[PDB]
Amino acid sequence: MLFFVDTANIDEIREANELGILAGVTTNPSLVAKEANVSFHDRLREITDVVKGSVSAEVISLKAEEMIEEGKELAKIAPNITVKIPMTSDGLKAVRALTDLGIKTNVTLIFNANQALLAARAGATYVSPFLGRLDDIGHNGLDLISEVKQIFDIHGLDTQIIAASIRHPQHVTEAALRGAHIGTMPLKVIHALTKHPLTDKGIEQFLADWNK
Amino acid sequence: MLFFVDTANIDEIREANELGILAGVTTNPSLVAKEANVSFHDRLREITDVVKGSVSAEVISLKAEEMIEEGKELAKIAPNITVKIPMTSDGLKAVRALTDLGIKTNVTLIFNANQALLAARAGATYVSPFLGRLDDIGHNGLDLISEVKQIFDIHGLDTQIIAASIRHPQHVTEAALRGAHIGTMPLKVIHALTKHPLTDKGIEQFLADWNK
Amino acid sequence: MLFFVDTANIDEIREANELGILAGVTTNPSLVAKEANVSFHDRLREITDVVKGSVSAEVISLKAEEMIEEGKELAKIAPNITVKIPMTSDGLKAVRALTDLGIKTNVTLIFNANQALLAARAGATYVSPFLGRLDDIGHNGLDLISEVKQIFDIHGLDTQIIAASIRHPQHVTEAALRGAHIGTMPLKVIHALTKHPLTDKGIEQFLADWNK
Amino acid sequence: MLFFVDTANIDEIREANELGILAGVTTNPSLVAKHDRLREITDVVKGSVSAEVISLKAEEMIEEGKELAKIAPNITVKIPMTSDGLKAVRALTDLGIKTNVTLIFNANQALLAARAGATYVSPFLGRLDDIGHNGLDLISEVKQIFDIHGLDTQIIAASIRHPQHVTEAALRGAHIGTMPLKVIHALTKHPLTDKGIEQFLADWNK
Amino acid sequence: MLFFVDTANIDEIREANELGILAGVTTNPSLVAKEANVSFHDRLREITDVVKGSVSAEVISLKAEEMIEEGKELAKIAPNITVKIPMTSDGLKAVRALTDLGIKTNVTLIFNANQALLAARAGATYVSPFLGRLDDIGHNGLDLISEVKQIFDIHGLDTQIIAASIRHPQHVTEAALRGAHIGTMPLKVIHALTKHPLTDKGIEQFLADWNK
Amino acid sequence: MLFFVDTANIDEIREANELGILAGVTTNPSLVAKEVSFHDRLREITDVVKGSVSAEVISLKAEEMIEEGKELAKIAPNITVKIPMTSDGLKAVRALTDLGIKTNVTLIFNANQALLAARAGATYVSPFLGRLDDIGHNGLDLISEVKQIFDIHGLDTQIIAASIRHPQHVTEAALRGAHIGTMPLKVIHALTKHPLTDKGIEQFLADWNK
Amino acid sequence: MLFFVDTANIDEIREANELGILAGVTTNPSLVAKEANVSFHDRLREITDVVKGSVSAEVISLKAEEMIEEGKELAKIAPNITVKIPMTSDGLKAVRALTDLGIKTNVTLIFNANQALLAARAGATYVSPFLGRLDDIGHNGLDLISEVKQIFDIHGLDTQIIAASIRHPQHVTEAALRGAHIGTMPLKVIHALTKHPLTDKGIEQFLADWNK
Amino acid sequence: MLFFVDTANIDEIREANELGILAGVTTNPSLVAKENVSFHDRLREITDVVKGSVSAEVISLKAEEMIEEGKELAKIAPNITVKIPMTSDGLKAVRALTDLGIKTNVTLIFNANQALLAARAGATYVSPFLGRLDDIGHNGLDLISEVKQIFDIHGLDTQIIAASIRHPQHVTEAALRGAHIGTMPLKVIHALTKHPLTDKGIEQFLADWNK
Amino acid sequence: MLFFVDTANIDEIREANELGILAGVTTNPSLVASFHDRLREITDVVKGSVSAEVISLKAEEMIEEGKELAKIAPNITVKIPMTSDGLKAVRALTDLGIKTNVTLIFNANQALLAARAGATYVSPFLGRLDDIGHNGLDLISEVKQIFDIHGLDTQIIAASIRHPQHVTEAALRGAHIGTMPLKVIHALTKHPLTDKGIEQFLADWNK
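Protein chains in written order, with PDB author numbering: chain E, 1 to 212; chain A, 1 to 212; chain F, 1 to 212; chain J, 1 to 34, 41 to 212; chain B, 1 to 212; chain I, 1 to 35, 38 to 212; chain G, 1 to 212; chain H, 1 to 35, 37 to 212; chain D, 1 to 33, 39 to 212.
A few of these clues could be false.
As the list claims (entries may be wrong) - Below, simulated DSSO-like cross-link-like pairs (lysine-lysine); rule was C-alpha separation at most 30 angstroms, straight line:
| hint | chain 1 | residue 1 | chain 2 | residue 2 |
| --- | --- | --- | --- | --- |
| 1 | A | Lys76 | A | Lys34 |
| 2 | J | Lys52 | J | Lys76 |
| 3 | F | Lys149 | A | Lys195 |
| 4 | D | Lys76 | E | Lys212 |
Simulated from the structure, these hints should not be mistaken for laboratory data.
Please work from the sequences and hints to get the whole structure.
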C-alpha cells in the first residue's frame with residue numbers, strides 16, 4: 001500500500017518527503033483552511049514542486065458546470081494535480097467530464113460500496129472511503145475497503161482506492177492487508193508507524209555488544 | 001458491475017445518461033406498455049440515439065419462427081439492439097437461430113441455474129436472473145447470481161449476467177460482490193445509490209471551514 | 001421468531017390477530033399520525049383489548065423527566081403496554097427510571113450494536129434495530145441482528161430483539177435465522193409470507209385427483 | 001431420524017411395520033384416491055398417522071379435523087399452507103388436536119405454520135429440486151430456526167425420491183422422513199453387504 | 001458444462017439437436033439394445049450425420065486385442081466417433097493403443113477417483129463417473145465429480161469429465177458447479193431443465209400488460 | 001473410544017485382557033472358522051471378558067436368527083448377537099430387542115443402513131472401514147456421518163468401527179466419535195510404540211544409572 | 001458487556017451514573033494525578049458513595065509486602081473497592097495474599113495472554129488487557145480479548161475481563177462481540193456511543209408527522 | 001490451564017509456590033538425578050509444601066516391580082502421583098494401580114494412540130511432549146488439540162499435562178488448545194510475567210504520581 | 001524458502017556452504033562482536054546475499070558506511086535498523102543501486118515502511134516476539150499477504166529462528182528466506198525413522 005500524507009502544511013509535507021516514503025498528498029477544504037496566510041493555488045504550486053506523485057485539491061462549488069471549470073483550472077497548476085470531487089450526482093457529472101478531458105479525479109466522502117462503484121463507473125481515477133468517520137457511528141470502515149477491493153478485482157476496474165480518515169496505526173496494517181492501493185494519513189500517524197519497544201531494546205543491545 | 005437502467009421512459013433514460021454512468025438499457029413488455037402515445041419501434045430509435053451500449057427489446061410471440069422474425073426486425077433498428085427472449089424451449093431455438101445470424105440476445109425470466117446454463121449453451125449474449133421475484137417467494141435471488149457466476153467462470157463461458165428485478169440498494173452491492181457483470185435497475189434506485197448522511201455532513205463541514 | 005404487526009390501524013391488527021399468528025403490536029408517531037379521527041389513548045385501549053401480547057406506544061417529548069411522566073401515564077392503560085423510547089442520552093435516563101418502576105420499555109431508532117448494548121444496559125425490555133433504513137444507505141441491516149444476538153447470548157442478557165423496518169420477505173427469513181426474537185412488519189408482508197407457486201399447484205393437483 | 005411411510009396402501013404399511021422400523025404414516029389425497043381405513047391403520051401403527059382435510063375453508067377444515075380426531079389418539083390432521091389453514095391450525099391446537107402443515111416450500115411458510123401451533127411441518131424436497139431450488143437446504147434452514155428459537159415443532163421431510171435424500175435429511179436434522187416402502191427396502195442394500203454374507207457363509211461351511 | 005444426450009433413440013437425438021443445445025451423444029450397449037430393428041453401425045452413421053460433436057460407441061469384447069480391433073472399426077464410421085471402453089485392466093491396454101493411433105476414447109463404469117485417474121493416465125479423452133448408481137448405494141456421486149475435477153486441475157490433465165447416470169435436475173446444477181466438463185442425460189431431464197413456475201407467471205403478466 | 005479385540009482366538013483375547021485396556025470382543029463366522039465348539043469358545047471368552055462379546059448368527063431367515071440369538075443369549079449375560087444388515091436382520095433385531103437381548107448389526111457400508119439398524123433397536127452398529135477404503139470410498143467419513151446423525155437425533159446406539167487395518171484408522175475413528183474400535187491384537191500392540199518413547203527410556207535410564 | 005467509566009473526575013462519574021448505564025469505575029495513578037486539590041482516599045469515598053459497583057484503586061509500591069498493606073487499607077474504604085495491582089512477580093504475590101483475605105483484585109498493565117493466565121491463577125477477580133496501547137505498536141488488542149475469553153471459557157475460570165485502553169467506538173462493539181465482561185472507557189466515548197445520523201433523522205421525521 | 005513446575009529442586013518449588021500460582025510438581029528420573038538428598042525424603046519435603054499433584058517416576062520397566070514401587074510411593078503422601086512410561090508393562094501397572102485407588106501419570110507420550118491407550122488403562126494424567134516432537138518436525142501442539150478432542154467427545158476425565166515446554170509460545174498455545182495443565186521450568190514461569198509495555202506503563206504511572 | 005546462515009564465524013559459514021544448501025549469510029553487530042577483511046573472505050566463498058550492519062544511527066553516516074561496504078563485493082547487502090534515519094538511508098542507498106536489509110522489525114507497519122523506502126529485504130524477528138507473548142509466525146503471514154496483494158518485490162528474511170518448528174512454519178507462511186545458526190541447519194536433517202530405515206536397508210543388503 002502506498003503512503004500519502006493528509007495535510008496542507010508545507011513543512012509536514014517536506015518532512016514526510018524527506019523520510020523516503022512519500023507517494024502523494026491529499027488536501028481538503030478544512031486542511032487548507034487551517035493554514036494561515038498563504039494562497040490556495042500558490043500552496044499547491046509549492047507542494048507539487050516538492051512531491052512528484054498525486055496531489056489532491058478539492059473543488060468548492062456544488063454545481064457540476066462550476067466544478068468542471070474549477071477542475072480545469074486546478075489541472076493547469078501542475079501535471080500531478082488530481083481534482084477532488086465530492087460524492088454527489090453533480091460530482092458524478094463533473095468526474096465524467098474531467099475524465100473525457102484527461103484530467104485525474106479523486107471522489108471523496110465515500111461511505112459505502114454503492115457510492116464507490118458509481119464513482120468508479122463515472123471514470124474516477126481514485127475513490128476515498130472514510131475509515132474513522134464510519135467507525136465512530138458504529139459501522140466498520142475497514143469492511144468497506146474489503147468490499148471495494150473485491151468489486152474492483154472481480155470486475156477488472158483500474159480505479160485505485162485511497163483509505164482516508166486514518167486515525168491510528170491499526171487502520172494502516174488492516175487497510176494494507178485488505179487491499180487499499182493507498183493510505184492517506186496525518187504526519188503523526190506516519191511517525192508512530194516507525195516505533196516498537198523491541199526495536200528500541202535491540203538497538204541498545206547491538207550497540208552495547210559492539211562497544212566492548 | 002455496469003449500470004443499466006430498467007425503463008422505457010425516455011426522460012428517465014436521458015437523466016441516467018447525463019450522470020455519466022450509463023452502460024445500457026433494458027425494456028420489457030410491461031415497462032413499454034405503461035408509457036403513453038408513441039410507437040415501440042420509434043421509442044427504441046430515440047433510446048439507441050441516446051445510449052451507445054446494449055438496449056434490450058423483448059419479442060412478443062411464443063413461437064420460435066415468429067420470435068426469430070421479430071428479432072431480425074428489431075436488429076434493423078440499430079446496431080446496439082439486443083433481442084430479449086423468454087426462457088422457454090422455443091426461446092432456446094430462437095436464441096440459437098439469432099446467434100447464427102450474429103444478432104445479440106438476452107434471455108429473460110430466469111429463476112434458476114439450470115435455465116441460465118441452457119440459455120448460455122444456446123448462444124445467449126446475456127442472461128437475466130430475477131432477484132426480487134425470487135426473494136418474494138422465499139428463495140434467495142442473490143444466491144442465484146453466485147451460482148451462475150461460478151458456472152460461467154469454471155467453464156470459460158463469455159455469457160454476461162444481468163442482475164434484474166433489482167428493488168433496492170442492498171441488491172446492488174451484493175450483486176456486484178457476487179460477480180453480476182451488469183445490474184439493471186429503476187432510475188429511483190440509481191439516485192438512492194448516491195446518498196449517505198455522512199456525505200451530507202462532510203460537505204457542510206468542508207464549506208463552513210472554508211468560509212471563515 | 002415471533003410475529004408482531006407494525007401498524008396503528010385497528011382493522012389491520014384485528015385481521016393479523018385472526019390469522020392465529022400474532023404475538024404483539026408496534027405503533028410509532030408516524031404510524032399513529034396517518035390514522036383518521038381517533039384519540040391515541042383510545043386507540044391503545046382498543047388495541048390492548050384485542051391483543052394480549054406486547055403493545056408498543058412511543059413518547060413524544062425529548063426530555064427525560066417528561067418522557068418518564070408520559071411512560072407512567074401510558075402504563076396505566078393496560079398491563080401489556082410497552083413504552084417506546086428513542087435512542088438518546090435522555091432516553092437512557094428514561095429507560096432506567098421506568099425499569100425501576102416495573103414498566104416495560106422498547107428502545108427504538110437503533111442503527112448499530114453500540115446503541116443496542118447501551119439500551120440493554122439501561123434496562124430495556126426490547127431493542128428495535130431498523131433493517132430497511134440501514135440497507136438503503138448501504139449498510140447491511142441484517143448483520144446488525146447477528147451482532148446484537150451474539151452480544152446478548154455471550155453476555156447472558158435477557159433483552160429481546162425486535163427486527164424493525166422490515167420491507168420484504170427476505171428480511172423475515174434472515175432475521176429469523178440470525179436470531180431476532182421478534183419481527184415486526186406491515187400486514188402486507190405477513191400475507192406475502194403465506195404464498196408459493198408450488199403450494200398453489202399442489203392444492204390444484206390434490207383436488208383434481210380427489211374429484212374423479 | 002424417524003421413518004414414516006408415505007402411502008395409503010394397507011399392505012405396504014403392514015410390510016413396513018413388520019421391519020420393526022415404522023414410527024408413523026402419512027397419507028394424502030393423491031395417495032388415497034388410488041375413515042374405516044384410518045381405523046385399520048391406527049390399530050396397527052402406534053405413532054402419528056396423518057389424514058388430510060378436503061375443504062379449503064377454515065371453518066370446514068376445523069369441523070373435519072374434529073371428526074378425524076375422534077377416530078384415534080394418534081390421528082394427525084394434515085392442513086395445507088394457506089391463510090385459512092393457519093386459522094384451522096390455531097383452532098385445532100387450542101382443542102388439543104395434532105396438526106401437520108403440508109405443501110411447504112420455504113422457511114417463511116414453515117415459521118408461520120409453527121407459530122400457528124403446528125405439531126409438524128412438511129417441506130417438499132423433490133418438488134423443489136425439480137424447479138432448481140435445493141430442497142435439502144430448506145431442511146437446514148427450518149432446523150436452524152426451530153433450534154435457535156426453542157420451538158418444539160417437528161420437521162417431516164416429504165417428497166423423498168431416493169436414498170440420497172434420506173441420508174442428507176437425517177444429517178441436516180429432519181426429525182422425521184416420510185417415504186414410499188420401495189425406498190425403505192432400497193436403504194437396506196449394499197454390494198459389500200452381499201459379498202460379506204457370502205464370504206462369511208463360505209468360510210463357516212468348511 | 002456441455003449438454004450431451006444419453007440415448008440411442010434417433011428421434012430423441014434429433015429433437016435435442018433442434019433445441020440448439022446439443023454438444024454430443026452417449027450410447028452404451030443397454031441403450032442401443034432397447035431400440036428396435038436397425039443395425040448398430042447404421043444407427044451410428046445416422047447419429048453422426050445429425051450430431052457434429054462427440055458420439056460415444058461402446059466395445060463388446062473384454063479382451064484388449066479385440067477391443068482395439070473393434071475401436072479401429074468404429075473410428076472408420078465418422079471422425080467424431082469416440083470409443084467407449086469399460087474400466088478394466090484390459091480396457092486400459094485398449095485405451096493406450098487407441099490413443100497411440102490418435103483415436104478418441106471414453107472410459108465408462110467409473111465409481112471412484114482411483115479408476116478415473118488410471119483411465120486418464122492411460123490416455124483417455126473422457127472419463128464417465130456414474131452419479132445415480134453411486135447415490136443409490138449410499139455414496140455421494142456428486143462428491144466423485146469434485147474429487148476428479150480437483151485431481152485433473154492440480155495435475156494439468158486435459159482429460160474431460162462426463163457426468164453420467166444423471167437422474168434429475170439437482171444432478172445437473174451440482175455437476176456444473178463442481179466442474180464436470182459435460183453432463184450426459186436423458187431427453188426428459190433436458191426438458192425439465194427449461195421449466196419454472198415464475199417463468200410461466202412472468203410470461204402471462206407480460207402478455208396481459210401488452211394486450212391492453 | 002473403547003478398545004475391543006476382533007478375534008476368536010482365546011490366547012489373543014487373554015493377552016489383550018491382561019493389558020488392562022479391553023472393553024469387549026467381536027467374533028464373526030470367518031474368525032471363528034479359522035480356529038473346539040463354538041458355544042464352548044463363547045463360554046471361555048465370557049468367563050475372561052466382562053464386557054460385550056459379539057457372536058454371529060448363521061441363518062439368513064429372521065425366525066431362525068431369532069431362535070439362534072435366544073440360545074446365544076443364555077450362554078452369558080454379556081453376549082451380544084451379531085446380525086447381518088438385511089431386511090430379515092432388521093426383523094430379527096426388533097424381536098431380540100423386545101426380548102431384552104443386545105444386538106450388533108454388521109456389514110454396514112453406508113449411513114442409510116446404519117440409521118435403519120438403529121431404528122430397529124440395535125445396541126451397536128458396525129461400519130467397515132478397510133473394506134470401504136479398498137473400493138475407493140472413505141470409511142472414516144462414514145463414522146463422521148453416523149456420529150452426527152446419532153448425536154443430532156438423541157440415539158443411544160453405539161458405533162463399533164470395524165475392518166480396522168492399521169494405527170491411522172484408530173486415531174481417526176476416535177477423533178470422529180466411534181464409541182468403540184474393534185481391531186486385531188497386532189494393531190493394539192503397534193499402538194503402544196513410538197521411537198521417541200524408546201529413546202526417552204534409554205535416556206532416563208542412563209541418567210539415573212550414574 | 002458492562003460499562004465502567006475510566007476516569008478520576010467526580011463530575012464525569014456523576015454524569016455517567018445519571019445515564020443509568022454505569023456498572024463501575026476504574027482509576028489509575030495518571031488519572032488521579034491529573035485531578036487538582038482533593039486527596040486520593042477522600043476521592044474514593046466520594047466515588048463509592050455514588051457508585052455501587054466495582055471501583056478500582058491502584059497501589060503505588062512495587063514491593064509485595066507494601067502492596068498488600070496498601071490494598072488492605074484501600075479495601076476498608078468501602079466493600080466495593082477493588083485493588084489494582086500491576087502485572088509483576090511481586091504483583092502476583094500481592095494478588096494471592098489479598099485473595100486469601102477476601103479482597104477483590106484487578107491486575108493491570110496486561111499485554112498478552114500468558115500474563116492474563118498467570119494473573120487469573122494467582123486469584124485475580126479482574127484482569128485488564130490494554131487495547132489502544134497494543135494497537136499503537138502494531139499488535140491487535142482485540143485479538144488479546146479473544147484469546148483470554150477462550151482460555152477462561154475452556155478452563156472454567158470465573159475471572160472477569162475488563163477491556164481497557166479503549167480509544168473509540170470500534171473498540172467497544174468488538175470487545176463486546178469477543179466476550180469482554182466489562183469495558184472501561186472515557187466519558188467522551190460513552191456519549192459518542194449514543195449517536196447516529198439516522199437516529200437524528202428519525203426523530204425529526206416522527207415529530208414532523210406528529211405535529212400536522 | 002494450571003501451572004506445574006517441572007523440577008526436583010526444592011528451592012525452585014518453594015519460590016514457585018510463593019508466587020501464588022503453583023498447582024503441582026513434576027519430577028522425573030533425569031530431573032531427580034541432577035540434584037545429595039534421598040529421593041523419598043525429597044518427596045516428603047515437596048508434599049509438605051505442595052497440596053496438588055506431585056509426580057514421582059518408577060525405575061523398573063517390569064510391570065510387577067512398577068506396581069510395587071508405586072504402592073511404596075503412594076504411602077508417602079495423598080497427592081503423590083506415580084509416573085509410568087508408555088509401554089505394555091506400563092499399561093498393566095496403570096490398571097493395577099488404578100484398581101488400588103492410586104494416581105498415575107503416563108509419560109513419554111508422542112501420539113494420540115498412546116494417549117488413548119493410557120486413558121483407557123485408567124491413567125489420571127497423560128503427558129504429551131511438545132518440544133521433543135517439534136524438534137523432529139512434528140507439531141507437538143497439534144497433539145494437544147487431538148488429545149483434548151478425543152477426551153471431550155468421549156467423556157474421559159483423564160487430564161492432559163503439556164510437557165517438554167520450551168518457551169512462552171508453548172504456554173499460550175497449550176492453554177488455547179485445552180491442556181488442563183502445563184508443567185515447565187521456573188525460568189519459563191518468570192519469563193511469562195514480562196512485557197515492555199508493562200515496564201513502560203509502570204514508569205509512566207509513577208512519573209505522573211510523583212509531581 | 002532459501003537457507004541463510006546467521007553467523008560471523010567463518011568456519012561455520014564454510015561448513016554450511018559445503019552442505020550444498022547455502023543461499024546467503026547474515027551478520028549483525030552482536031554476531032560480529039578486521040570486519041571488512043572477513044566480509045571479503047565470506048563473499049569469496051558465498052555467491053548469494055551477505056548482510057553487513059552499519060554502526061551509526063545517523064542517516065548521513067549510515068549512507069557513507071553503506072557506500073564503503075558496497076565496494077567490497079557485488080553481493081554485499083547493507084543491514085539498516087528500523088528507524089526514521091534508517092528509512093532515509095535505505096532510500097539513498099536504493100537510489101545508488103545498493104542492496105539493503107532492514108532489521109529489528111516487529112510489526113507489519115514497520116515492514117511496509119521499509120518496503121516503501123526501497124528495502125531489498127526486511128527481517129522480522131520470530132523468537133523475540135514469541136517471548137513477549139506475540140506470535141512471530143503471524144507477522145510472516147501478514148507481511149507475505151501485504152507483499153503479494155500489492156505487487157512488492159521486497160523479500161522476507163525470517164530472523165530470530167530458535168528451533169525447527171520456526172523453519173517449517175516460516176516456509177509454509179511464505180518467508181522467502183530463513184536465516185539460522187548452523188546448529189539448527191544440522192538438526193533439520195534428523196529423524197528417528199531415517200536412522201531406522203538406513204539400518205534396515207543395510208541389514209537386508211548384507212545377507
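Item to complete: Could you tell me which of the numbered hints above are not met by this structure, giving the numbers in increasing order?
Response: Violated hints: none at all, because every hint is consistent with the structure.
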